[PDB]
Amino acid sequence: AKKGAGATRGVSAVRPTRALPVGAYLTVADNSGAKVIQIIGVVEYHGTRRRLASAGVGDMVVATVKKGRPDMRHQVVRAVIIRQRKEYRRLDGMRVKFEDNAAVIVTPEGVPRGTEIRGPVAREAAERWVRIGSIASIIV
Amino acid sequence: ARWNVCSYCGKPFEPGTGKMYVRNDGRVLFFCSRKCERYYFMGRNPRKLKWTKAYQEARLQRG
Amino acid sequence: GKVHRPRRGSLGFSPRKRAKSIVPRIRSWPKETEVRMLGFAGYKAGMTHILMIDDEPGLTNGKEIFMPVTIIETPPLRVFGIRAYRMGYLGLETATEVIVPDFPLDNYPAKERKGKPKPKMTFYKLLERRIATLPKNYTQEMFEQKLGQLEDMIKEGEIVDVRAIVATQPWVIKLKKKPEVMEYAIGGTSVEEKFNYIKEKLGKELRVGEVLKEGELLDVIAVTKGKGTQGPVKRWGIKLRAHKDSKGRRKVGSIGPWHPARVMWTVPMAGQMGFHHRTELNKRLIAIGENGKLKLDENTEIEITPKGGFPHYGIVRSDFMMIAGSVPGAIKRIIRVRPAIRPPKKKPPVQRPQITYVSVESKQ
RNA sequence: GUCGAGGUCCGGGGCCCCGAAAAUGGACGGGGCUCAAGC
RNA sequence: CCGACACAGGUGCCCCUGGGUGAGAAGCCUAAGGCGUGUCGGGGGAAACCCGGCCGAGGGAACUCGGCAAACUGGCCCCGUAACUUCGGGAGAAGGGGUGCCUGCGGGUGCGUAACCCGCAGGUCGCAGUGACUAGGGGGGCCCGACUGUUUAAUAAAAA
RNA sequence: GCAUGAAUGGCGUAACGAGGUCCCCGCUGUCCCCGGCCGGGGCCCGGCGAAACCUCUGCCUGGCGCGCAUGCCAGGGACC
RNA sequence: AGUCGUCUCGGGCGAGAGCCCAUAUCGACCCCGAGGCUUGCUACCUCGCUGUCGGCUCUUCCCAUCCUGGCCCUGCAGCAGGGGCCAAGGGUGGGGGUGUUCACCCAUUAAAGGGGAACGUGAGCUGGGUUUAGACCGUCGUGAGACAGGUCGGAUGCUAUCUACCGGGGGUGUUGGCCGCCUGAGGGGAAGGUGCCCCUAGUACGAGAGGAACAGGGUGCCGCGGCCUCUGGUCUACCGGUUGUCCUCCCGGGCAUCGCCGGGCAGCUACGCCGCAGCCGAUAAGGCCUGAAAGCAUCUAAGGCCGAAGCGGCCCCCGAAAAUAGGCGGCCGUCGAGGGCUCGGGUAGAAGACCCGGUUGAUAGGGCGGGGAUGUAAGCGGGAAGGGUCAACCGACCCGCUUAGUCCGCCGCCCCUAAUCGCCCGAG
Ligand SMILES: [Zn+2]
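Protein chains in written order, with the entry's author numbering: chain BJ, 2 to 141; chain BV, 2 to 64; chain BB, 2 to 365.
Simulated from the structure, these hints should not be mistaken for lab results.
One should not assume that every hint holds.
As the list claims (entries may be wrong) - DEER-style ranges, computed between Cβ atoms:
no., chain 1, residue 1, chain 2, residue 2, range
1, BV, 44, BB, 19, 33 to 39 Å
2, BB, 238, BV, 36, 45 to 51 Å
3, BB, 5, BJ, 7, 50 to 56 Å
4, BV, 26, BB, 3, 17 to 23 Å
5, BB, 31, BJ, 49, 33 to 39 Å
6, BJ, 37, BB, 69, 18 to 24 Å
7, BJ, 24, BB, 245, 52 to 58 Å
What the hints assert, rightly or not - Computed footprint of chain BV on chain BJ; a stretch qualifies when at least three of its residues, placed anywhere within it, have a C-beta under 8 Å from a C-beta of chain BV:
no., stretch
8, 12 to 22
9, 56 to 65
Unchecked claim - Simulated crosslink set (DSS-like; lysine-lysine; CA at most 25 Å straight-line):
no., chain 1, residue 1, chain 2, residue 2
10, BJ, 36, BV, 12
11, BB, 177, BJ, 98
12, BV, 54, BB, 364
13, BJ, 98, BV, 51
14, BV, 36, BB, 333
15, BB, 308, BV, 12
16, BB, 364, BV, 12
17, BB, 364, BV, 36
18, BV, 49, BJ, 87
19, BB, 308, BV, 51
20, BB, 252, BB, 226
21, BB, 308, BV, 54
22, BB, 18, BB, 205
23, BB, 177, BB, 333
The beta-carbon is built from N, C-alpha and C at its ideal position, and this holds for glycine as well.
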């Protein structure tokens with residue numbers, strides 16, 4: 002088996018609703034330097050005529066930094082969504098919801114560019130990305 | 002196969018229904034319906050509603 | 002081409018007209034070796050949900066998952082006819098058919114209304130509500146002589162197929178009195194064995210437990226819910242016109258080019274929506290109940306009917322099937338099921354799965 | 001250098017073949033036709 | 001009455017208007033007076049679709065020539081208020097806090113415990129107290145014309 | 001400065017504007033992606049009851065043709 | 001419309017460049033062609049009117065193929081590239097400035113192909129540009145004024161006559177009428193298409209760097225057909241709170257968008273949930289066997305075997321008007337089966353049609369019981385910040401009887417009421 006422990010990606014049994022289209026503003030939950038980002042695209046997604054790309058918990062998006070340190074503003078980066086306001090179903094049939102739309106800035110491979118994550122991290126995102134789960138302090 | 006207990010009316014609801022709300026500070030609440038969720042978030046007092054389990058505690062509180 | 006998008010709607014379900022008959026027809030049958038009737042009929046009861054340990058292949062294997070189920074009540078069918086098919090120039094032709102003579106009805110739920118005794122129903126009295134012209138002075142001797150003639154033709158070898166004619170029994174569940182008549186094919190590779198099976202079951206009652214296997218896949222045939230006339234936006238899912246449009250928004254923009262100088266049949270248009278003949282494939286059979294009860298662990302049995310009864314439906318009283326998912330049709334609709342005609346290579350094991358919870362809470 | 005009957009080239013004449021891709025479905029007038037019902 | 005009409009226009013709204021709320025001849029309710037003749041009726045889950053309204057989860061202009069349409073704000077009291085400037089203004093800039101009902105006091109003019117208005121303390125309910133009705137969205141650059149005003153009655157209101 | 005310019009005025013300008021234009025906060029069904037509900041039409045039934053328009057007619061594919069034919073040529077379909 | 005100078009595309013010779021080697025790749029000079037997708041030329045039809053560019057909506061077609069499927073040569077080690085062939089079933093998206101087509105740019109993507117349909121589509125829409133009438137600037141003109149030079153503003157008419165397509169009905173015919181179940185000529189379909197992940201595997205290959213494939217598992221996205229258990233929206237049924245006013249006050253009500261606000265079952269819905277076979281047959285390019293013409297050789301001349309997301313079948317939908325106008329069991333006729341209207345209701349619905357019930361009865365109503373939505377009614381008793389002669393009485397609000405009261409377009413049991421009387425086709 003390749004990359005037994007160095008793998009940066011995983012799989013999840015739950016698929017959260019894509020409640021965040023292109024143009025949504027996400028709060029940065031880590032200390033990489035950014036504070037607010039805007040979605041300008043969703044990777045690994047094919048749309049259709051006049052359809053905006055949408056992402057949910059555990060999805061990777063391409064975003065432009067709006068607020069943060071001077072060396073981070075106006076920069077195109079990759080982020081992984083860890084919390085969303087739109088409730089989504091889990092295996093037991095129960096719906097889970099969060100308080101805000103929050104994401105963590107990571108490299109395209111999936112290695113976070115920060116060292117601390119604020120607030121809970123969705124179990125789906127933690128399973129999808131091992132590094133995010135490893136660095137997360139609260140997972141629910 | 003566990004009956005979650007609503008955080009507003011203090012009653013159990015069947016598996017496959019309801020929802021869980023996660024707060025930023027890390028705590029979790031369970032809501033059996035949109036009615037209970039909306040009342041909790043608006044701030045309606047559950048100790049004054051006879052159909053909630055908190056009313057029994059309030060009755061013991063007063064006497 | 003500048004911008005490209007897939008066509009709106011499917012042309013493979015045209016014409017989108019009202020179904021020919023409210024009783025669904027089955028055009029094709031599964032090929033099987035086991036000598037059994039290929040399918041069954043029942044009445045839609047409602048929907049609920051269960052929690053079970055998944056067993057089919059996937060990531061969620063061995064884990065507790067949520068699954069919706071449709072409960073359909075299935076009072077036993079009465080096998081009352083046998084039909085034989087020979088080969089014609091262009092296709093199968095009906096060589097002959099024979100039905101049993103009239104017999105007393107021992108499952109009619111008669112109630113002793115004040116005045117007059119119990120009605121004392123008999124067959125050919127519930128059946129005349131559907132056929133309306135039944136044999137007169139029909140006796141067992143002539144019935145047996147007709148059956149013998151049919152067997153003699155089978156021996157001669159001009160009969161290529163045989164089917165069983167059955168009728169529903171709504172009066173048992175007190176849904177209605179008018180029965181519904183259908184014919185079902187039989188599995189196996191010998192017409193003589195199929196005929197012997199049907200002959201043994203002639204005039205008797207047949208239950209789901211004797212034909213269908215728990216945990217196997219099926220195909221469900223029924224007539225969908227009626228929606229009446231609907232516009233193109235809902236019928237074909239076209240795009241709404243721009244909000245500044247002063248000639249409406251829920252209509253197609255252009256219904257064709259200059260040439261050809263005609264409106265093509267492929268342009269979305271308003272018309273009948275719903276009440277269509279449809280077939281859904283690969284619906285798993287979760288469980289078969291008896292007398293409105295489900296046995297879970299051989300120690301606790303629960304009544305499938307939710308508290309307050311099924312909305313728009315009564316109380317389940319007879320055998321019922323729990324199909325995994327949704328089925329076409331309205332409440333009380335007649336729904337037919339056949340063994341899967343097109344199953345996947347990898348399918349769930351043929352057995353009832355492990356059910357951990359059944360929802361019997363009020364659904365209204 | 002052993003077989004053992006015509007070989008190896010060149011310029012020409014007739015028919016055919018390749019070179020030969022378009023948009024509503026369809027044009028030898030049509031069916032169709034092969035020692036022709038073609039030349 | 002005029003417009004071909006028992007015309008949703010114009011002439012004439014030319015003169016006049018109880019009670020409550022309220023700054024108000026505003027909106028809403030109501031007394032007087034008037035009307036059911038802004039004169040074709042009946043049926044219906046009886047559709048599609050069109051005009052006029054009410055709400056819509058998550059995102060918030062990604063739509064479009066262009067935030068077109070809709071939406072936000074909205075009354076009153078208190079604090080607070082920028083660049084610029086012709087010193088007049090900008091200005092209700094911007095922005096922030098309060099608002100219900102009930103029980104008692106203090107104050108102004110007043111002969112008065114008549115009438116109107118202004119504060120204070122306490123108790124209390126709701127998601128919401130200008131609870132309906134009434135009722136501004138705001139800020140920063142550039143071009144043109146100083147401003148109020150006038151214009152193609154019937155496609156141009158503008159820098160003309 | 002292809003081809004600005006000082007009374008057919010030059011430059012600037014506070015206040016003003018249903019003038020033209022760019023940006024930001026807030027807002028929102030403009031949009032992702034459309035879904036429900038209400039009143040009036042639409043629909044059916046009983047009455048009063050016109051007008052615009054009208055050579056006669058009125059299915060198609062390839063063609064000939066004043067070069068883009070329901071009506072012609074050869075074919076294909078079509079019960080009212 | 002004609003033509004193809006021009007435009008797009010293709011071909012012939014092979015100088016020359018490629019370490020040697022014209023043809024892995026490029027192909028000078030010159031010569032022969034296709035298309036009608038750019039522009040031009042002609043003036044053939046239309047000036048008693050065929051309404052412009054762009055955009056939105058929607059349908060369809062061509063291949064000179066951008067991706068997806070299958071292959072050939074290579075200056076093809078692998079991963080990749082360059083060139084060519086078969087193949088049109090499927091896909092070919094989202095944004096910034098600009099009216100823009102186009103071109104440029106951004107982040108994704110398997111790819112983000114070019115074109116025809118009166119430069120498809122205004123009795124479908126929008127009106128940003130073009131192109132009237134108003135006005136400003138530059139230049140030209142003595143002037144009126146002009147500019148394929150800029151700029152602000154500037155109208156989009158319709159009761160469908162025929163045909164066409166979408167659905168819905170009444171008839172005749174099918175060698176007498178009726179009912180019930182079937183067969184399946186013929187038509188339609190994309191009902192499916194396509195990424196990524198684990199393993200094979202740090203393996204084949206390679207000096208290293210780097211780095212595959214067959215097979216086996218999982219899952220996303222787009223498309224299609226269904227359903228309302230769950231979640232969300234709505235829910236002018238319904239319950240509660242409250243503002244102004246009126247019915248004298250209490251209770252209880254009218255109006256003010258449903259007065260406004262919160263919640264809301266049934267129904268309808270999506271943002272929710274479920275379902276969508278990879279196997280046979282023949283083939284295209286291409287890879288081969290046998291084999292002569294041409295004693296050898298040769299995939300082709302005769303003969304044979306494999307071989308594509310393409311073609312046909314399995315699968316789904318319509319289908320006895322399928323003119324060879326079908327089969328079968330039953331019932332009737334030579335009075336009469338079988339129907340229609342009328343009656344009580346929706347598994348249905350614009351009219352028609354369709355389904356269940358009709359005293360062989362639980363179809364609707366009524367009564368009772370179950371399950372629900374709101375959220376504890378009126379009345380009485382007590383407390384209450386206080387005031388009151390600190391007395392009687394007034395008092396927002398609170399507590400108990402009280403999971404109350406109200407209501408139910410959901411279900412079960414009970415014939416208490418209405419499903420009655422009656423009328424008309426109907427083969428011979
Ligand atoms: Zn609760």
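Take the C-beta atom of residue 26 of chain BV and the C-beta atom of residue 3 of chain BB, compute their distance, and say whether it sits inside 17 to 23 Å. Violated, since residue 26 of chain BV and residue 3 of chain BB (Cβ atoms, about 52 Å apart) do not stay within the stated range.
Range agreement (Cβ of residue 245 of chain BB with Cβ of residue 24 of chain BJ, hint 52 to 58 Å): violated, 23 Å
Assessment of proposed distance window 18 to 24 Å (beta carbons of residue 37 of chain BJ, residue 69 of chain BB): This hint is violated: roughly 40 Å between Cβ atoms.
How about the stretch 56 to 65 of chain BJ: do at least three of its residues have a C-beta closer than 8 Å to a C-beta of chain BV? As far as the stretch 56 to 65 of chain BJ goes, the hint is violated, because 0 residues have Cβ atoms under 8 Å from chain BV.
Can the restraint linking residue 308 of chain BB and residue 54 of chain BV be considered satisfied, given a maximum Cα separation of 25 Å? holds, 23 Å
Hinted pair residue 36 of chain BJ and residue 12 of chain BV, Cα distance within 25 Å: violated, 40 Å
Mind checking the alpha carbons of residue 49 of chain BV and residue 87 of chain BJ for me, to see if they're no more than 25 Å apart? Violated, at roughly 31 Å.
Within a Cα-Cα threshold of 25 Å, do residue 364 of chain BB and residue 36 of chain BV meet the stated pairing? Satisfied, since the Cα-Cα distance of roughly 17 Å is no more than 25 Å.
State, for the Cβ atoms of residue 31 of chain BB and residue 49 of chain BJ, whether the hinted interval 33 to 39 Å holds or is violated. Between residue 31 of chain BB and residue 49 of chain BJ, where Cβ atoms are some 37 Å apart, the hint holds.
For residue 5 of chain BB and residue 7 of chain BJ, compare the CB-CB distance with the range 50 to 56 Å and indicate the outcome. 42 Å Cβ-Cβ, so the 50 to 56 Å window is violated.
Pair hint residue 98 of chain BJ and residue 51 of chain BV, alpha-carbon separation not exceeding 25 Å: violated, 28 Å
Would the hint linking residue 177 of chain BB and residue 333 of chain BB be met if the CA-CA limit is 25 Å? With a Cα-Cα distance of about 10 Å, the restraint between residue 177 of chain BB and residue 333 of chain BB holds, given a limit of 25 Å.
The structure fails hints 1, 2, 3, 4, 6, 7, 8, 9, 10, 11, 13, 14, 18, 22 (numbered hints given earlier, in ascending order).
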